[PDB]
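Each chain is listed here by its residues.
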Amino acid sequence: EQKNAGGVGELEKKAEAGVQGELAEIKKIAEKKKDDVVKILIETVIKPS
Amino acid sequence: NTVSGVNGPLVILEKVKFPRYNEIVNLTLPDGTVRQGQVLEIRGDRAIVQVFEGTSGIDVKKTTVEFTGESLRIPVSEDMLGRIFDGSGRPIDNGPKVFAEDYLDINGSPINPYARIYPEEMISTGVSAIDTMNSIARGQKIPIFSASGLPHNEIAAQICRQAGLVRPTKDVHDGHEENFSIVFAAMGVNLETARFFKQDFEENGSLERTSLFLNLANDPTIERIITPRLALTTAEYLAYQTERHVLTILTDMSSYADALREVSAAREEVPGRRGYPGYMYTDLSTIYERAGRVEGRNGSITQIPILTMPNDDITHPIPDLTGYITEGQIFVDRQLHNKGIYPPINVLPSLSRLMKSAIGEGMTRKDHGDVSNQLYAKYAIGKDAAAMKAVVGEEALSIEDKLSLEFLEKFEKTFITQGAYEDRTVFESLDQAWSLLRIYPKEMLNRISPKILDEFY
Amino acid sequence: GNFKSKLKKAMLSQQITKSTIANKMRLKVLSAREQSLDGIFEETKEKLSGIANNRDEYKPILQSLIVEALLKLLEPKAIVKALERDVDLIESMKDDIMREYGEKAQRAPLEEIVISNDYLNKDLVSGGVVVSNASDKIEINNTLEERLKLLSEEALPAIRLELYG
Amino acid sequence: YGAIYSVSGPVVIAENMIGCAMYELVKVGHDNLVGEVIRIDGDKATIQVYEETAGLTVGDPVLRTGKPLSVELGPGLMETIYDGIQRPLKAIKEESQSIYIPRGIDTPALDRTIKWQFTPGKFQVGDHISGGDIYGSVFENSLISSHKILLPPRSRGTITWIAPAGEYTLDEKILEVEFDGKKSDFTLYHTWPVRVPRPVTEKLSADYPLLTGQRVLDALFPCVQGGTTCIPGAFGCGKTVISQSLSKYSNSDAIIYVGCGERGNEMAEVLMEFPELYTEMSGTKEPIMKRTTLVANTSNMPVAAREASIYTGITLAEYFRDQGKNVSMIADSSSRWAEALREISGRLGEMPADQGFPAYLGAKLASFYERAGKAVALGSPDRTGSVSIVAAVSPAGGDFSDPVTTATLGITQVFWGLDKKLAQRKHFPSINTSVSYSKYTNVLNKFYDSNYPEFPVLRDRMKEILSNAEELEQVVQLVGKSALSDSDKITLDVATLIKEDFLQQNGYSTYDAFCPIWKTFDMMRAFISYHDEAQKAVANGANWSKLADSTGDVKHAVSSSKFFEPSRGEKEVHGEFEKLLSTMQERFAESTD
Amino acid sequence: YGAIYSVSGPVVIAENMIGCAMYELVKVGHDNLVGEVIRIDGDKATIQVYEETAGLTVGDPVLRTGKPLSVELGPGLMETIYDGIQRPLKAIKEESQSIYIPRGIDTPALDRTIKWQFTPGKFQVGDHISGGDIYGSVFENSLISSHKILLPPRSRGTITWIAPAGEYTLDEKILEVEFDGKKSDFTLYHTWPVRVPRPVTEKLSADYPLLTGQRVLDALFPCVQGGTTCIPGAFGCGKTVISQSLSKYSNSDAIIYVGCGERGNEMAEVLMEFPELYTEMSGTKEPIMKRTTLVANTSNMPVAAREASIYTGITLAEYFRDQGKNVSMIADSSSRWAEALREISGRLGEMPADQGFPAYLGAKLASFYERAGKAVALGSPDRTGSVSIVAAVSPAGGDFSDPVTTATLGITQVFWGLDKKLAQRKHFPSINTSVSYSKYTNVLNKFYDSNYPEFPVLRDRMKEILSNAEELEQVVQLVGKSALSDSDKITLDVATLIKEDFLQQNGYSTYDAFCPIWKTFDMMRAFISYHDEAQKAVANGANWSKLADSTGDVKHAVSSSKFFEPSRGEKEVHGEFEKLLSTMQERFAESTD
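Protein chains in written order, with the deposited numbering: chain L, 58 to 106; chain D, 29 to 485; chain K, 60 to 224; chain C, 24 to 616; chain E, 24 to 616.
Quick caveat, the hints were computed from the structure, so don't treat them as lab data. Careful, some of the hints might be misleading.
Stated by the list, open to error - Now the in silico label distances, taken between C-beta atoms and shown as ranges: (1) E:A612 / D:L376: 37 to 43 angstroms; (2) E:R177 / D:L376: 53 to 59 angstroms; (3) E:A612 / K:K65: 32 to 38 angstroms; (4) C:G42 / K:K208: 46 to 52 angstroms; (5) C:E494 / D:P469: 25 to 31 angstroms; (6) C:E599 / D:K394: 21 to 27 angstroms; (7) C:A562 / D:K438: 51 to 57 angstroms; (8) C:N563 / D:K438: 37 to 43 angstroms; (9) K:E212 / C:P222: 54 to 60 angstroms.
C-beta atoms are modelled at their ideal positions from N, C-alpha and C, and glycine is treated no differently.
Kindly generate the complete structure, drawing on both the sequences and the hints.
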């Protein structure tokens, strides 16, 4: 039980560590093609959505 | 234009008739609120709308409307798994929304490509009393019908936790080769109970693979009736796109009936059979068309709907239509529950139509269906023999009744009694059947062929 | 016997933890995806103000927003609500709006454009119109901020799939 | 055209309608959805648009076809699966990538792209023709020609052009008829409105057998070609099974399988099963499916399909009757049709009648059964054809007191009940003497008598033995068996053997699913003979117990006869049943002793 | 605002509503009777006016109150008897000289005589405050404070004016909060709409019991607080009696008493008995009455007040759940309550549904039980409360299978019966082991086991003994005593001692009405120890009569434990039970030998 109230912290270290690679490719590929989606957003907005 | 008048949660709008059916309307009220609705009716410069939010707090000529230009279609993703939702598809954990990757109709089936190859390969749930006596297939719909005051929800929990601990041993035998996911719909289900279903999903390993939809009866009727359809669109999308068997646990069927009943009284409809809607068929049927194998025939939606009997009768319209549209039923009997049997699955009327059309070979015996026929027929005979024992007394009874009396007693405490975190294999149930069934001579065992019978009694 | 039930129970408490952590884990992956998606919309709307503050590039857009708005009205008289820097732009193209509207419907051209004495936020709202009937009870909020917000509903599935599928 | 005034649920009102009838087919909107004008109130006509009205834009045009809802009669119906509005579902699979119709579907109401083989008949140029006359044939049955091509009813004349043999499409004209000038050219198919029956010269007195092939059903109350049958069903009653039996075993040349809005999983099953099955007539190329045409619809699949299903499926049976074919039309399940009338009255705003089901229910059902019968074929060669209706219904009140069962029963000539108590003991199809009759029985048993059986006498006795059994059983239950003769036990004992052995016949094989007239005779003959001999045995000395104990294995020998195939012995009578008579007589002497 | 168009019976129709919410509270005409706008068609509203319209004319104005039908819940709720629209009835008695209200006259919902002492919370000048955060507190009785003033839900901001400590009136403001401008002014009371339930951070699964201390209630089918419970009645054959018992033994932070629509002799009785009674926690100042706030409607009093009654109670109760108070909610009766609805439905001219009772019924019953339960209050402090709803039902139409009762058993997790014979014998609640169940038991036995008790093992055994006892008596009738022996005879005897000690109570003593968790644990420990050792002793050679006579002193002393003090071994711990274990061992030696 002691490993179910103090060894469940390390299980949460391991959930933090596995997404710091994701939170960074998220920002990579969002930043590149950001500009290409805006152009589609503008022609669409000034016409019917 | 403005709200002309409002009747219960249907609102009479005066508005131009150009909008298409099911298109969202937004009423801008002077309270600051925006409330969303669906045109239930379009008429000549007027509409009848069901409001999503609310049922009241709606002004006459001070309230105004705006059109979306968009039909009611559910934004469905597969990023909605591993997260807890309300009955209208929004997190209650208040984090990022459902979002979409498609929009799918709930007003009519999208693709409708159901089964041209009969569901025929077995699904095991770890229960002898279910799986043997009623054969489950990938796309088949068998419902659990229970009575008021019973723990319908606890039996549904058993089904969830043991299904998916069977699957890797079943994977070897052939019955899965694909991801398994749960789509769980509550209408009219208690907070406590819901919290039990989440715990069930933790145990199994499919809290990450399930979507939970919670509507309470203290949330509008209009939200409540969307909740099963939202469940179905979610479940057929996983099933379609990445070829997954989704098992749908839809509790409770009468709670859904209840809401239909209130927007019938509020409609210009007359209620037919016993105060329930005269279009009660169309409602139920919308749910049941979606179930069966979907395109590519490695995706499916399998249904166990849960019904609690509102008056505790099997003459009441709800179970009677529902039973006709579905393939069989599983009965729970009150007398069992009180005695402390678990699961209290009384097999006296429990039968599933596909029994020799839900089995094959290489994972089931072909004898599997045949064995079921002995078990069901003897159970009944036994049940009759016990009825005569109660009246006449043993001395009066003949030899045939005594054997059968004995069979019945053994059946209750051994077959339908098993643990609640205890899995079973279909092979294993049949071997247990053979011993118990072995209490009669060959003259009397004649609901199975002499070849198979000679081997095993 | 009963050690196994309680051992199983604590072993169920063990995967009880395992699931809440693995759920929060994907809730972080997903809420980052949106933090960036709403910075694509952040770009869009700096563009929308910059165009709105043009008076020559903005006219063919503005006209099309009033005209489209009129097709989702279809009423004989319309009142058109705008920002006080778009009113003079409506004023110099009225004839063109009643024409373009009449051409795109079976209906004969609109009688009157009444340039409303109501004013939309200058802070929150940039360009576009709220087009309304004679009595002002049917409104199409056909502003640029609004149109972006309505496009977000359907634009979103397309974008989540190409970047993230 | 028309202009859509309101779209309210699946009810649509459009104004500015002209030339509209009361069951006229219309296509609604730019989508062109299936609809039908139900009523007209002033200039505005209420049309129920029953294929998904979702996303229907209002102010679109509504187009009249100028005639009511129809079916297409002619080549390609066999080995092809349709819906109840008669659009081909099979066509939809290749293009849409969908089994069932969604919406926007505007495919023609028959496949006419394909070619079928035209053979001229016994007509030549300058020869006279009249409707229902056999102008040629197309081979599409298991063994015979299926789609025999007719001059359409209500035309006569002399044929100017007879095209010779060869392959042509549906579309291509190959016939010209002149009467009073050019009547029209004719093509391979014809159309016919479904709310009108196709004409006949005359209907004939049904008097010939319809084999069902279930032992119990044929025994107690056998069917005729041209009968009407009512069956209540509560799910799990083995409905599918008896339906499957009929399509194989019946002596009818055509089976038309009708899904009146079903599960879909159940429709797939029967479908898949038919090509594997082999015909008893030495079938080919998907043997049984070649004699099968499927109307298959799904539960919430368009309410036009469900309502129309029964009318379209009987119209197809009638075309086939006019060529002089025997058809068996199995409607499955018409309870759902009854539910469709419940809905049609409520949505429209009409008031219904008893128990929320309208009274228009009753007339509309009666018209449907009357289109059936045994018949002398339309047209001048004269042949006999049949349309024989066997229709399932169900409760709706969890009784047989509900308006649905009782109305359909009012009209019917054959009644085959439903027994929940017997169903538990594993009996299917479960019937009882007290809940079933056939007014055809008298004439039918005489017919069966000719073939070899002792059938008339045995049927009288079959009824009596089960009716006496029921009364006795009430006293045994309540009072006891110990206040009652050994003899009264004997009636129950013999009766039990009949209960398991007849009633359960759902089969786990073809051998346990098929029961010819000879085999049905044989099993009944051995049980009555046992009864007569047993009562003697005990009466001159012999206890009950001793008799029960002694016969023992013999009770079983008849029990197992169903599991064994009927192609065995001399013909269709087992050597096991032949021996069984000697064993019976040999047994009475020992029991008595 | 509006002009009366029409008056048709008790329904009033008023035209020229150009904005009026469909829950809006209204005063109609110049009589100024209570009404609420049920529906609206156009500018004509349908308003049900819940008092008589004798003297009301068409052509009189109807003035909107400017807010929906809501109730203010403040300090001073305690020691007051109210209607469901909330009018103080004691006040009416003062002025008019009657406990019933005069129509066309109303009075302020909360008393305005009362002034209460406000002391500041912890948010001071310019501090940010957020929903459910405690802005102050007010005394709600002299003895104790209980009404903590939190910031209203749906508000948040910075507090620009915080009044200093002192006594203020309900009328006068104390706080203004700024978010978006001055958002509005706040008072010591807050209003919350009656059909809108107050909010929480999240709800929990209750595992916490009631503080009733009713021994059979605790042990056999454990009381839950944060639960839903259905109790049979038939009126004054025990059911009102138990509700009065429940009030007495209970010592919850608040208790809210709801007479949904009772006989009015019963409402009078509740009011008078309570201030003479004593709280079982040993508090003072009209004891039970001080902790009870009473919404007491007889069925004669308007139908608005009957329908609003449950609503007003649940919202009030839920707020107390947000305050961090554990509430016992007693409703009497839901059968009456379903009837309030059916009445309204027929008047208006809408169709009611199943059994003549409305469509809206089921959703309304259901919402009500699910609203009650254990939660952590809204806001940063996160105090724990509970709302336990125990609703009484009787037969309605005289059948107890009708929709109302049957709908409610399905929702319930707790059932405790009532029987006329058991009620005569003074067993209250009148329960056995099959007229009662609890599914809350599982979590609850687990909760109690943690506290120190050996509870789960002992409780299961309690149920078993009662079940067995019943069963051995039947055998004595049919089979005889030949199937009876002394082992069985001890089983009958233990059940008798368990019935007398647990089931029978009526408050003969003060120690017969509060018995702690630890005391209840100790009674069941004596009786199970007697059982197992009596059986062992008769097996090594002893007789029932011999065991009975021999156990004697101990047997007498443990039956009488309810009359005996529960402060004997400390304050909750009873010394006699601890000394029983040793006596029992020496005793077992006397019984065997």
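So, going through the hints one by one against the coordinates:
The hinted range of 37 to 43 angstroms is not satisfied by E:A612 and D:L376, whose Cβ atoms lie roughly 53 angstroms apart. Distance hint check for E:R177 and D:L376: the Cβ-Cβ separation is about 55 angstroms, which falls inside the suggested range of 53 to 59 angstroms. Distance hint check: the CB atoms of E:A612 and K:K65 are about 37 angstroms apart, consistent with the given range 32 to 38 angstroms. Separation of C:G42 from K:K208 is about 48 angstroms and conforms to the stated range, judged on CB atoms against 46 to 52 angstroms.
For C:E494 paired with D:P469, a C-beta distance near 30 angstroms keeps the hint of 25 to 31 angstroms intact. Distance hint check: the CB atoms of C:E599 and D:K394 are about 25 angstroms apart, consistent with the given range 21 to 27 angstroms. Distance hint check for C:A562 and D:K438: the Cβ-Cβ separation is about 39 angstroms, which falls outside the suggested range of 51 to 57 angstroms. For the pair C:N563 and D:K438, the beta carbons lie near 42 angstroms from each other, so the given range of 37 to 43 angstroms is met.
The hint said 54 to 60 angstroms for the Cβ distance between K:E212 and C:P222, and at roughly 58 angstroms that hint holds.
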